[PDB]
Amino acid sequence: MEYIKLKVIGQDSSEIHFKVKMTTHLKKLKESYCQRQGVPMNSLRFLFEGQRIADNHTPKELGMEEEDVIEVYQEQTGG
């Protein structure tokens, strides 16, 4: 868009902000977020408008925009 700022928010109200291309698979964003939390990739789920974000979803596909929010949750919860 070419890059949009996406916000990832957890239960604690903490935010981490990513600049991503609309074109790029959201796996990289997920991967980085997990890294910043020090937890495996398979332990967190990311939702946009209440729907799970797949590894091969792109911001273009899901219709995302500047400053949109992704909510992150523990799988299960587990993990």
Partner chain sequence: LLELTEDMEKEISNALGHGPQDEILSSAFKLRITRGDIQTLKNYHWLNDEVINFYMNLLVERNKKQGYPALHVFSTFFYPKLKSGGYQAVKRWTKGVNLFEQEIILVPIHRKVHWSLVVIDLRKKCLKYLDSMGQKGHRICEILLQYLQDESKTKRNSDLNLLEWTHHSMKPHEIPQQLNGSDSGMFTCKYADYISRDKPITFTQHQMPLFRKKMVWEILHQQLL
Contents of the next structure:
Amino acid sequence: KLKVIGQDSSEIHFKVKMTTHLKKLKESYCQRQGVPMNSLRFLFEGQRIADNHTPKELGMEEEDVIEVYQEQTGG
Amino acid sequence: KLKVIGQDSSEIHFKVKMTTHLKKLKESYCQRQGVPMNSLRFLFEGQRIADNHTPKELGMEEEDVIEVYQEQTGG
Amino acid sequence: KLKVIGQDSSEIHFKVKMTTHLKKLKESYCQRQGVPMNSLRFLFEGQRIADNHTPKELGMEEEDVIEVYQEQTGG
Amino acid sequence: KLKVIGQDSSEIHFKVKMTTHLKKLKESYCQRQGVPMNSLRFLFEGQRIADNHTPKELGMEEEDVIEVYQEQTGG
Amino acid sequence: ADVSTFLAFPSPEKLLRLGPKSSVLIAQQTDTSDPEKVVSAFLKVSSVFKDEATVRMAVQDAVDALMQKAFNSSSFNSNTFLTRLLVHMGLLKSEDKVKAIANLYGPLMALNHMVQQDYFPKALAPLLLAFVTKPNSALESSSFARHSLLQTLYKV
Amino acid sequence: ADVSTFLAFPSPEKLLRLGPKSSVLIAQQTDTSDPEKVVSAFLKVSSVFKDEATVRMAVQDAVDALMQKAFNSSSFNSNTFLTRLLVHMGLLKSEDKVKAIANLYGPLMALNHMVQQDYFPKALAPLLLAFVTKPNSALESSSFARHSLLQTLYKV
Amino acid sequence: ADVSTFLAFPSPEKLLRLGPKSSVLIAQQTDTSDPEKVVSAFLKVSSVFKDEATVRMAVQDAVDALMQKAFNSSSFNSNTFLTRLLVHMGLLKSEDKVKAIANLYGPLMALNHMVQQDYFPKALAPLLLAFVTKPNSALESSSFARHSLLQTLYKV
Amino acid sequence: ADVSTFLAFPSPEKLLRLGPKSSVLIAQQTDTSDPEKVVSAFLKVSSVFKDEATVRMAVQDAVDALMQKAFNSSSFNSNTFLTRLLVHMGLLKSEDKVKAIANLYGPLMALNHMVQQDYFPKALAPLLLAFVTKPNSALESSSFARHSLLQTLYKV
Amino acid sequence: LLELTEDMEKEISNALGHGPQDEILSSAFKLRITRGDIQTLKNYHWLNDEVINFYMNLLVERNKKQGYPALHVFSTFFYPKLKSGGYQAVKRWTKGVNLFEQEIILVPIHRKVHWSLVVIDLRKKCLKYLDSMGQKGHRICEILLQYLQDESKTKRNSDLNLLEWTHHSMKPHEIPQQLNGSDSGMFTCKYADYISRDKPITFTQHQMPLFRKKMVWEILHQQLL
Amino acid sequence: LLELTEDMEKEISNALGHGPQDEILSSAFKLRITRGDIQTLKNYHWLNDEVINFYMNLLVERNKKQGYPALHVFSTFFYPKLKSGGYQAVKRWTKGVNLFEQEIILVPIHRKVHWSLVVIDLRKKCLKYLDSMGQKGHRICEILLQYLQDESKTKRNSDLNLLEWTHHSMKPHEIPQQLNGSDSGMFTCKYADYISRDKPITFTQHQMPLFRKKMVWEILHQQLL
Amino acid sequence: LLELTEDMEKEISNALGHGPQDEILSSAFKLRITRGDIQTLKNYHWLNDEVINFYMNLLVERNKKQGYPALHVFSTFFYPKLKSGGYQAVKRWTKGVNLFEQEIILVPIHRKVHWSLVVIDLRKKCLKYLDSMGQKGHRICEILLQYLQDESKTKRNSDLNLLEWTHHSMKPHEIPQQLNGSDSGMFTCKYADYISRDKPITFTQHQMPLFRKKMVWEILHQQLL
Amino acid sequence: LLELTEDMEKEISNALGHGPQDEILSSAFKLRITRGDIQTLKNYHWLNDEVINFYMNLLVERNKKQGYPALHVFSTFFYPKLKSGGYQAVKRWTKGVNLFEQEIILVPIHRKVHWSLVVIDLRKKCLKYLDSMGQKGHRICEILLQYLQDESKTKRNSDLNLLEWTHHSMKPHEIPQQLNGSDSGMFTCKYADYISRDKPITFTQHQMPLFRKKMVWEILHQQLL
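In place of the form deposited without its partner chain, the structure of the form deposited with its partner chain bound is requested.
Below is the entire complex, every chain and molecule, led by the chain shown above.
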């Protein structure tokens, strides 16, 4: 059981068991969106959840929030 | 004693006695800003504080918040 | 009696007595044209007929041709 | 013996025997030019010398002039 | 399951590793009842384009699949699709141009004047000029798309 | 107290009701230690412009006051001023043009192709065309300012 | 005889040395039976414009004279006038744009490609770029007039 | 004798009916001592381009042949080539833009004013607008080439 | 149908023509519509926020002076605030009124360059999202609803069953769409002028220009015609 | 009026559609109309010189196969040459024919980006300059006339009295004008398709597009309809 | 000074040249820098957020492998979140570390199209806002400070006297400014590469291009040079 | 080298600055150089025909007041006329002078938007075509030569052997080329200021701007420096 609040409000409640990759949870989310993944990046309490990362190496708490932010560019 | 939080955070703490115009409190605020008044509009708990309006006809509570919003346009 | 063939063909037959200015014969021609004088310049057998110039200082032959050319620009 | 004066002056003196195609005389000319054939068209005394045409069906006089003109467009 | 993966985050090779079947594969795996999922798709597919026939053609043929399947169905509002596509390309909306211009008039009337006054430090003009000559102030984005689109519309 | 009032929210008449003294009045009541208050001013003053000599000239002469007083002082960074002015006019920054273009390439390559296919409903081209012909998709804002500015820079 | 002289070859001062009477003076001395003499006039008068109210206003008020007298008369084809004016401003005609573009497509497709190949001498790109950055390759003439005209047409 | 024929008057198929050998065939049959014959060639080859890989690639690969053979030789002025190419594409020269603009200023200042006066027949604005909306007054040729060229120059 | 009043047509051009950009041309509801403001009604211009917070208010009065459903209008600066400020930051907003007392609630909507309109028909117990650009809006309703639920179970302790509640986006083939990138402002007001009167959207593009004019008039006089 | 042939409409798109830009699509009069050429008839494109030297020739044949006035057509590359080459440089041009034998003479005209048409009605003893852009042309007639006078007093020693001769520009309010900067090509041919048949110019803009299509067809088959 | 490695120069063009736009070219800190990402370093392009969240991290390591002040780096997606989420919504952010233990804290800054940099020198007890565009930023520091005060009096109950604390914007005449509208990305990193090493900003524009290249290299190898 | 006169620099800006566009600023050779005219010397502007028919004349005088080769200058409106009017239409042009008496002949050249220069060095018995744009010009010389041959065998019955005569285009690697699309005007005058003095073209682009100024000065005073 989880959540993935975006840069807005959109609460897309999720669920999975703490062991296997989050990469699967990545594609999953970026599935029902208007702009791909590499336009987004997943952060959990700050640290940026890599793909090789696992809820098992993260120590995430069920019913936790995995915020997502959109690319930034400046010049 | 008052406040005028804008569409952002900027807390410009104010103060005046409940009787005289707010129009004076308008020009006052729009003084130290990057874009004039008519680009902004003053709302108090929702209702839009006209110029002819007075804290005396408003029933405002000292140490209250008079939010301000920027013009909107769509097409 | 004269002529003023332009950069094309247009034969605008003229006439005047050899003594007085040609400046009067200038404005005259540039009168019935689509672009002013300073867009044109008057040449007679080659030499460029100035304003201070006179048919009397030119030694022009009645029933002669005073060609006219349009400005040039390059870069 | 011939000539092919273009829309300018360029006298490219030619030569061939009155019998065989002029199409060969076409490509030939359009060879040493800055813009292809279909940008040009060959006229002889007015009538437009087709490819299927031959100096033998034209009754051309040696040391004659076969003028050439460039496409025109208006709107 | 190979289409969905590609769609998640497209890639030139991601499309190419679907062989000749990817064309109608994507097209059929995309519901055209609503003009949005269609655009949503039209975009992910072309978002892959790159000068290289392999990719070019793939995308084209691909798009054709989706668009034919698309047009051939009542449940399709080809006006909104079209519409909605122009807005994503920022060829439509994007800014209250009318107003945006209306604001510049002044600063523009001023700024020019200024440069022309004798008190304007000669060492400045060059900077100013050199400043609006840089690519971020020269390169036009949609004002470009738009022209290209017109050219084709006018057939040549 | 008449300058400050005008500045709060400018007006053609607001400036005109300051007579001939408004010129240096505004200029002197504006600290040029920092290039921002200056721009901040340069903008409010010109924001008033309207085709009508009365207003035109006022603003000009006005601006000249502020700008001379401005240039004549070490405490002034005429680079940042300049800079900072271009950004407000959106002649600088505003969008990652480089990227913005880079995205269109695809959808653009596609969208054109599409229109050209036989399956494209003839009744659509006209709509599309008529669509990018409307003023909100035709009128260019800064891409216009910029040209005007150049013309003067090139002296004619 | 003072109007005709001015018309021959206009001048800012040439118009100003006709006082307040020059306005309707020119307007009445110009036959509006044929839309050409009118344009012919409209042009000589405005050909004088220069940023300086004196001249500005003169011309305006002047033009207004000619144009009112003009519109108020059956013998006037305000379509051709209009037309004929756009062609002189080269806002119309001037080039077979359709074709002009059609030719570039190729050389353009090529030239870009070229620059992108590894065999393209790195020392060249900069030259090329610097080359199309110069004012004779940057400054747009009518493609500018046209925009200005639109802005007003759209009222703001 | 197959190269010369094609060059006389190019054709998509004319190039394609030279097989894979046409690439270096044309390139070698073109003397690069003088930058002109080269451009002269660069142009005839690309003048064939059309959206269709067959032709696209042919031309590219073709051009690459000519351009490598070209660059690799002292007898080559890659400045003039470049130069001379821009002039043919009318990206350079073509018009005294500086002057062209300088003339419009007046008629432009006038024409706008006019449209805005009350005496301007309401039935006209629409015509005028509709007039500069037509493709021969909207479609920009070189002012387009130029942008495309820049985009690539700026690498993206 | 209707036709224009030659004398009142020229009276509009005095409101839209040249002159001061601050010369107030109408007052009411605590909104002062100035030249600059009312100017946004010109052909192809984009309606600002006052030209709307107003017309949207004349709609309430016209529905109390011609007797139509209880109509509760919300301000343009409402949804945004709510979108980020939950209910807590909107509590004191509904002052002096029970929202559920009303029949219909009109909620204007500002997505950056766009004007949308959510109609919350309290009677039939559901809300409709009407957009003249085709653009969809599910998360919008979903959120707004969540305002009610709390505007209730917090401002009257009586909860709200979400089952009896519904919301849905009005498809492009249902309601009229716009054919440009300027008029979406009107499309939102006129969506209310009708939806409010329980009348069917039968209007379209080749009429909007006009709608614009009458609208400036309608606002001058404050008389909805 | 007329209506289009569904099958022959699609036959046009094969002449105007994609394909080779040299694939000759019609021959005659010694002019080969290729794809590139006939392509110039597309919407908004500018007619080249062959799409004209041809249609202008079908007009002659249609006026000898439907029996209309003796019609003598001149080539686009005629006036220009004459404009600079006097008569001497145009002598051998009128080969195998007495010009004054004819009733009407059609003369196309190329001003750089423009298509004009001079109609020299030999019968009524005068010529008319028809321009669809409003532009006037007095020096044009004045010059052309001067071709005749010499095409006579030099090619038959019999002079020509200029008094019995007249010329004049057809005002914009008389004939139809164009409303764009592309169609002046057609306006010149159709000016002949009628003026040739002594028929009044009753056509206009909201029809030209069509005129364009039939024209490509007309040229395919070489059958003027 | 420095000069480029002919072989490692060409190794850069393999990272910036054509190829896949996802082919990861470096990993670390939980950030995967792909082609697309590292591509943002090209001439005139705008640096994205990873090209920064990374270089800004190599700066920490280079200051622990060459021994410089305790350096605490914050992420690009930090300030924004804080700007709207107070401290409460940032609490769990500083996990596994006492911020005040550090000497210097680097905070990148994203104003929509701009890259700014706030340097919070914990030692001297004050923070500096460095902007390469001239733009000022008082409310930025004022806010950030307010993060500390609570990052303390809430994460250690020990308050914070604001008197001993200061902040100020670095004027345009102090630090180097940029002369275009693309390079502000670098100007922010290099502001750290130095400010971090307590070294004076002596660099300028006619060098940045280079800085860009080395930067892609620096990130390839993860070796700061 | 040379350096500018602070007081005479400001005297130039009075000739190039604002003011009347007809206020003659210099007279001589029957050419009146007005503001408009001399204005064409501004940065990036295109030199007109008088700024040249003049400087090209000061070159003659400077070569008779500093004693250089007999120099015969021809007008800008010369070649064109000749290009189309053979010799017959140019006969009376060379009035009061034997061309072959001269050593060097300077011939300016106008291709529509371009300024070229043909140098006919009568001494060495050949002519050189110098173009600062790379563009070649063989048919130009070939034609000009044909003017001489007749300017002789017709204006002195003494023919001309073409064998002893030569002409050739000066390659881009020989003479300096321009790096923009505005300065070709100067490149043609300065090609004469040197070629006239038998001096080698050693000048280039990063100097032309200046050349422009002195040139306006040079023309003010009519003193070539």
